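We have chain A; now place chains A' and A'' with the ligands onto it with these hints.
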Amino acid sequence: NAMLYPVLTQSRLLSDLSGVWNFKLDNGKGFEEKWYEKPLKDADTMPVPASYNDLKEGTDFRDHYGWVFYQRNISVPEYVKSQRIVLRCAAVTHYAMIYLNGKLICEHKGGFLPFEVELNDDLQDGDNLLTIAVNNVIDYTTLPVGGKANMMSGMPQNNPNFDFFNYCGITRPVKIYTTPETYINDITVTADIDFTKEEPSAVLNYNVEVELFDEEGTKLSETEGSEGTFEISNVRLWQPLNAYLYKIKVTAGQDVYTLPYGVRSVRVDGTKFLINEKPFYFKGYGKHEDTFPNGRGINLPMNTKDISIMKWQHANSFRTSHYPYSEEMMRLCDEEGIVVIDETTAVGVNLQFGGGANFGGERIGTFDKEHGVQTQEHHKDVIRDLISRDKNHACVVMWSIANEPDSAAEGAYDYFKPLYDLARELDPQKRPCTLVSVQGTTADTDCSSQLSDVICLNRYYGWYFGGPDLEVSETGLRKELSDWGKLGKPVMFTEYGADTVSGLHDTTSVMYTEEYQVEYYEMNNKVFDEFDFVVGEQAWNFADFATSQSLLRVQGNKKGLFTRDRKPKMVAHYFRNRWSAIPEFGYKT
Amino acid sequence: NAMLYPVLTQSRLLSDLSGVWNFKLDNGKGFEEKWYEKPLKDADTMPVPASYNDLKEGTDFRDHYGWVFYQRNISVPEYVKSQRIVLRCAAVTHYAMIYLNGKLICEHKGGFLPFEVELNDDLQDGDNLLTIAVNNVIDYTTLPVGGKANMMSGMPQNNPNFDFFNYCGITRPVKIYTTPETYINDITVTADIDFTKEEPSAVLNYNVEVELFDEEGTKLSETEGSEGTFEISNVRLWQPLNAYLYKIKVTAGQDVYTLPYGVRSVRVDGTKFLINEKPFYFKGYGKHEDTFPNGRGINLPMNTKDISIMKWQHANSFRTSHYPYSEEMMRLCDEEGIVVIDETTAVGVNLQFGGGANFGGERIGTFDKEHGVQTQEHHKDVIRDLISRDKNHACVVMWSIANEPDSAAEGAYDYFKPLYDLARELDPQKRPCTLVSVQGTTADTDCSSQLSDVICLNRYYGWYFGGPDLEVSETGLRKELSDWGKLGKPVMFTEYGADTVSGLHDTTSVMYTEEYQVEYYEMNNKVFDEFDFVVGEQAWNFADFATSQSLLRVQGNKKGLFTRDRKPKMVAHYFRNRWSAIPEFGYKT
Amino acid sequence: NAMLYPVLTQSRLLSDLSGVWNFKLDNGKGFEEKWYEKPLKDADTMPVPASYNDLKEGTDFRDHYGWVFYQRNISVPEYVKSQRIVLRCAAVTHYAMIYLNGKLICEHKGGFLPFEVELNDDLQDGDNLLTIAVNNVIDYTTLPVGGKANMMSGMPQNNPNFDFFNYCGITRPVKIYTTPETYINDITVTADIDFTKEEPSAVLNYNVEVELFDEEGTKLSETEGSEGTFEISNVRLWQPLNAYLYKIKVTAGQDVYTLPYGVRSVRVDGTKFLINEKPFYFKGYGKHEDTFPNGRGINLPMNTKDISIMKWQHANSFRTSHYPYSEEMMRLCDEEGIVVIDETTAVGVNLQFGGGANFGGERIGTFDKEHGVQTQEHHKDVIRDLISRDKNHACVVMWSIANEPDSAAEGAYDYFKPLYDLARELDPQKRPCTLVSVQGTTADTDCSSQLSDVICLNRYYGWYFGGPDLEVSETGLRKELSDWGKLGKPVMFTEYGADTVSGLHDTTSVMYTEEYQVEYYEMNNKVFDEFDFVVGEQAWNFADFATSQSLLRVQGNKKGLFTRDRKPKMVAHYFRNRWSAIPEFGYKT
Ligand SMILES: O=C(O)[C@H]1O[C@@H](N2CCN(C3=N[C@@H]4CC=CC[C@H]4Oc4ccc(Cl)cc43)CC2)[C@H](O)[C@@H](O)[C@@H]1O
Ligand SMILES: O=C(O)[C@H]1O[C@@H](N2CCN(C3=N[C@@H]4CC=CC[C@H]4Oc4ccc(Cl)cc43)CC2)[C@H](O)[C@@H](O)[C@@H]1O
Ligand SMILES: O=C(O)[C@H]1O[C@@H](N2CCN(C3=N[C@@H]4CC=CC[C@H]4Oc4ccc(Cl)cc43)CC2)[C@H](O)[C@@H](O)[C@@H]1O
Ligand SMILES: [Cl-]
Ligand SMILES: [Cl-]
Ligand SMILES: [Cl-]
Ligand code: NA
Ligand code: NA
Ligand code: NA
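Chains as they are written, first to last, in PDB author numbering: chain A, -1 to 153, 165 to 218, 231 to 610; chain A', -1 to 153, 165 to 218, 231 to 610; chain A'', -1 to 153, 165 to 218, 231 to 610. A prime marks a further copy of an entry chain.
Just so you know, not all the hints are guaranteed correct.
Copies of one chain are not kept apart here, so a pair can be met inside one copy or by any two copies together.
For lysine to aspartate or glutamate, the following EDC-like pairs were computed, each having C-alpha atoms within a straight-line distance of at most 16 angstroms [to be verified]:
1. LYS326 / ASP42
2. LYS299 / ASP553
3. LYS326 / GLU31
4. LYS36 / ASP442
5. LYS240 / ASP125
6. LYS326 / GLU55
7. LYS54 / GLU357
By construction, these hints were calculated from the structure, which means they are not laboratory data.
If we strip away everything but chain A, and leave its shape as in the complex, we get:
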């Protein structure tokens, strides 16, 4: 349930197992032949952490269907056996099956949130054979959802019901860390914060399942007990593009753990998004965890380079489309002060794409209880695990339950209501919750008008709908955006963009050129600025990223402001100039 980020501490080890491992694609006999008992024969090599799809050559390897087998020896000196020995998989995409010495000792479903297993038993002395089997199959029981054909259909292999590539393998690091036999399992810190003062102060309610410091390291307070409080006069507020992390050192019996924490408040008021009781405006992008050749595999240099590029562009936020990102990127946004919209793996809960699923002649609606999505029981686990992991991040400003689901369809409200409730139940900060809405929903039809504190739109007026007629597409966008203002809620665009192949130009623009992309964003942004209830623009996407092959995809999705190697297209200088004249707070009040 609780996943504290493993760190070197006075009582905890941290043996990163990352490196080149043994690796073999399953041919369909890996389990009956029980490869996880003996070392892998005729093995290949594969570095972890990384998606494996792009790391060898050949369509049979990249488009492989099914299982793969990682393997690696591990050994602990016996003087360490006095402590707990837990193996924490930061992510395994999609389905993991961890064997140790031939014995199955863990299973996990969901390829973007951490999970651990105790190793004290089953850990012989000497060299131990650790095998991790990884499955990539997606279907109606997985998040993200796998369809029965390509998303372009109707216009043995996986068929993503989502517009990105099904990168799989050990996406994030596999580490080993120790704890004493009586350990800290979780920490929770909320902040009630008094703004009546001219010099605002704070009250920090915590709850351990304890010392406070400042940015430098100066000790400022101490308290006993599992539950307690800290009172900070003249407290320093964590703010967008101006972070400040206090340090919280929680000493229990024979175990210490330190957690950075940012002091800030998040509150919706009418048509206004308030961070520290100031009217915020989102500037930024939907991102992907997508680099070359790591695939989805974690890349800490790119994370820092992306964040640099952001501050260069005068952005302040992004959403973790369309899955929870790595812990490291979350802590980084804490240090660098980048506003994050944390989103679940719930993309493709919408059976109107992919041509469609049919039964006895009739088309299957999304939430058909016997032939439709079978994802809600798992959809709930994800909301639980994601909020348990990221509950303490001052950068996490709003939760996103799903990306472009069948929001306006029969069965939709009953599907999302318990998920929205579960989200507000478990988030101790009671943060805003939302859903990122497919094109085609209206204020009346969208079940997000009821459940969500913020309306997040994905609209492509001037690309899919209207292109290349930007004049017509403008009056379309104004007409729908006007009608959204009647909810009295805040509206932001979480996706808008036009595919642009870097290098293509015309003085009289056509689609796919850099000129058109700039004109597209000019037209959209002009209409955004007309409505005081629009509190955010986030372009799609930050950077070109890989997808499944299709007529509609020119070597991936090309809607990025930057190329896959982070080089700027002309639009990136357009946005940099616009976002430079737009503040973080009080844009239009």
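This is chains A' and A'' with the ligands only, laid out in the frame that chain A set:
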């Protein structure tokens, strides 16, 4: 002196400290203000391992001159203090200065080979402040050599006397590992190997400062004592493009260590390069450790992707131009069976570039003992550390003492003779030694004709010399190559190529197009095939890589067969087709 | 009816009116305000010949709907009025309306074949105001056919039912030439040719509505009368990639005209295409008249450069997709010996694209006699004018009645039968006739199985149908191609290809890369080579060309082997290498 690659063992920990650290550029006051004593104020963030140059924005950051300060807290539980606690910096480019709790506890010069320091003392209990200061200054005392102007001169900042970018910072991982208070410090394994038999067998002399296994893990022998021997009948030979690693588990008192070892032989005979007493032919490239945005920082996914690309292209070798590569890439070449020419940091020992260095009107010759290179004392340490690190790699087939030095100049022979001798003294396998020769040397003038077992040429007939006249450049290449045959030694080309901007084409080629690059290699390769003493072609470069800015460099060096993101130019399919019809052994005999 | 190419002769002038003219877009009032009577006010400038769409900036100009007005003064000295003064418009796209001094004196429909008008009357003395009004509207009465929406529909403006841009304006030159009051109006020359001899000879039946020369200019024969004959012993055959043009100087009363003529024979025999009674194999492309910025406007330098590129690539043929090309390019193919498949303007006679045309709920079939295409009466004129213009070209080897019509639909056979009959009636050489068949037709369903001497296919197995699965697409292509062999007729592919953005690469190819395009053609060509009745491959397209904007078109059609500026993609070197090992005659017999 001895650097065994740290691994998880039954007696040794491995706590990788890699992650985001604190980071600050020095402004010139970092040492008088003693930043290494207290946590860094106004700090930035930086991931290790990585070169820092490309990870923030701004020419002042990328072209920074001098020092930077990394910082990070470290903590070990006290039950671990019973063991040795050693901190191993895999590489720090260029000059490292490791402080702990404010106390200077290590220094190192040379930014591409490992170095460690004991942490048992100075390691308080609790949270310890670990600071690493990194200097990037290059001059006549450094390897690589820094000049006084750009290499294009004559046609406060560093000026590389080498054609690549001066990426600096913590290039390779920083880890912590433990050993018992009586530990293994080094292992050495040579192989005398009997080919008179129809089923060749082997004798494995080892020497520890002990059990044998096969590829799977089946135990095959055991022996007592520090020095001993193994006899393997029907031994399996490590071979190019067909690796096989035995496992050697050396158990000493309360400490175990495992080392993979490949059984093969390397011997020069006349005009023939023999691996396992067969006539080898080199196919491949000079490489760089260059990726985006890591800079020189280690990238294990790219290493695997590069090696995949190699086997796709039917290559078999590369040289580590122009510095020793990471341990991980060396072990990978052991697993994947890739022939490596291991090269020192000795590039730029040649003062005829960069316009030149002048004194009282007269130009300074390279090996002027008072105004020239001051590098030999350090040049010797590098040969010592590099051979101590890579002595056991079956993939390391020949050593390269320097890249394009002033090989035919006054003082040259006296400079290189002790280095060549030192190389053969310390390599227990007595492997071939060479020097990669600048253009302009001849068989008579090049001091490598005496010292080297293999003649390695860098020739650009059809680019720098002769372009765009490939007809003229051909008869130039034949005329010089003929004269090299009189030494009766093997000759390979370690560098040849033409800058090619991906995407530029003409049916009637001009320079910088993909057509010209292909025609260039066609002309060169035609002349190579005429001479039975040519035993290898290695193109320059594997991939486009970053350099200092200059009129002659179109956003880096563009001589790669692949782009910086490893996408193939047309020449890469040309070479793949040629190398497919050329075997590894017995090409022409 | 008869259009001899105007040339400088001993009795005929040739005053090319090409240059910058006055030009104005109609706003809807140009005719009621009668702009053709007085010089154009507020005029713009425009060069003729050229398409006007790309020659100014702005989507309103490029996508203009309706009329434009050209204007220019013309003046003839009165001593020339003793002769005929005829104004010959080589092409005006689409609908021309020629005024002189304000009086309407000609009209023409069809924007790709020549038409003339006599100027002896209405030609005052002094400066005469010549106005040409040009209309671009396309609909169900035009060839090419204009639809009611974009071709991507169902997945005030023109909507091409064809995949190229609707370039309009004075496409080809406007010239003035004179004749005496009793003139030559037409010349027709057929060749019966005796191959029983070891040194074949010829008989040249002519017919004027007369002297013979050879390549140099040596006179070889003479004859009187309108109808006559020439007997050439040891005649030199015009051949593919080896042209030879005799010269025919026809002197009548006070008028001389010279016409080049090539002696060759064209005959279908079973599954064999015979030129000079030898078994031919087509190598080449579907082309376009498309360059920058001329649009469709004639470009003689590119024609020569394209033909050079062809001979560089070892091509031998192309088709004039999808309209008759310029006279100059036809005469050039005579000189350079390039085999041409002459095709009419009949593209888009197929109402299954563009989403579709609907009436009372039911969809309109193509050849619905009241709501479908209204093109046959004009379709006949085009066949008449095209064969009258190009009847004498030895390079014109087969006629193409239409490109991808609804060949397998109700009403189709009755639509095409009179067109096919008309084609064989008026071609004195009785040359093969064909139809280029959309994907989806089979040997049974395609009405071209009956009417056509050669089966011409457009198939995209591995792009539109099957991509990116080339394995599956292969067995699809073999299965359909096998079934075509049962007609015992010759089968060639007039179109196959994959969109490829120059510069995109992967070692593991995906769609739109240069690697995929090469693999696509490898798979297709492998299946072509399996069937002795396949007598030709012609790739689509020769070069990237402009189209209307759509999601499916990355700045135009990118299926070219070369870019729009004729620079080669990787596939162009693939084809050059293949076509080099494939002869013109007797490929497989
Ligand atoms: O498209 C993009 O760039 C990004 O936009 C968002 N959505 C994508 C799919 N969407 C589609 N909407 C259609 C809308 C209208 C008709 C058919 C539709 O059927 C298709 C068919 C193929 C494809 Cl590819 C997309 C769609 C909705 C928008 C996602 O959040 C991103 O992950 C994605 O990458
Ligand atoms: O050049 C390349 O691509 C690769 O080739 C090799 N060498 C580079 C420098 N070399 C030069 N030779 C000159 C040769 C003739 C006249 C002046 C010379 O002065 C200059 C001036 C500027 C530059 Cl940039 C290069 C040189 C020798 C070849 C290196 O091993 C690589 O590291 C390098 O990347
Ligand atoms: O496409 C190309 O590159 C070239 O190929 C030929 N034809 C194009 C249109 N064709 C289509 N066939 C579809 C086939 C299957 C389903 C829908 C179809 O609906 C569409 C929709 C949009 C477009 Cl764009 C094309 C088509 C048939 C092939 C033409 O001779 C060329 O002029 C053209 O340029
Ligand atoms: Cl977003
Ligand atoms: Cl090399
Ligand atoms: Cl064609
Ligand atoms: Na975009
Ligand atoms: Na090169
Ligand atoms: Na093509």
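Each hint tested on the structure:
1. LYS326 / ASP42: Close across copies (13 angstroms), not inside one copy (32 angstroms); limit 16 angstroms.
2. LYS299 / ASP553: Answer is within; shortest intra-copy Cα gap is 15 angstroms, inter-copy 47 angstroms.
3. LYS326 / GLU31: Close neither inside one copy (45 angstroms) nor across copies (29 angstroms); limit 16 angstroms.
4. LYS36 / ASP442: neither (47 angstroms within a copy, 46 angstroms between copies)
5. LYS240 / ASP125: This pair counts as between: shortest inter-copy Cα distance 13 angstroms, intra-copy 44 angstroms.
6. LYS326 / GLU55: between (28 angstroms within a copy, 9 angstroms between copies)
7. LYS54 / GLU357: Between. Shortest inter-copy distance 13 angstroms satisfies the 16 angstroms Cα cut-off; intra-copy 35 angstroms does not.
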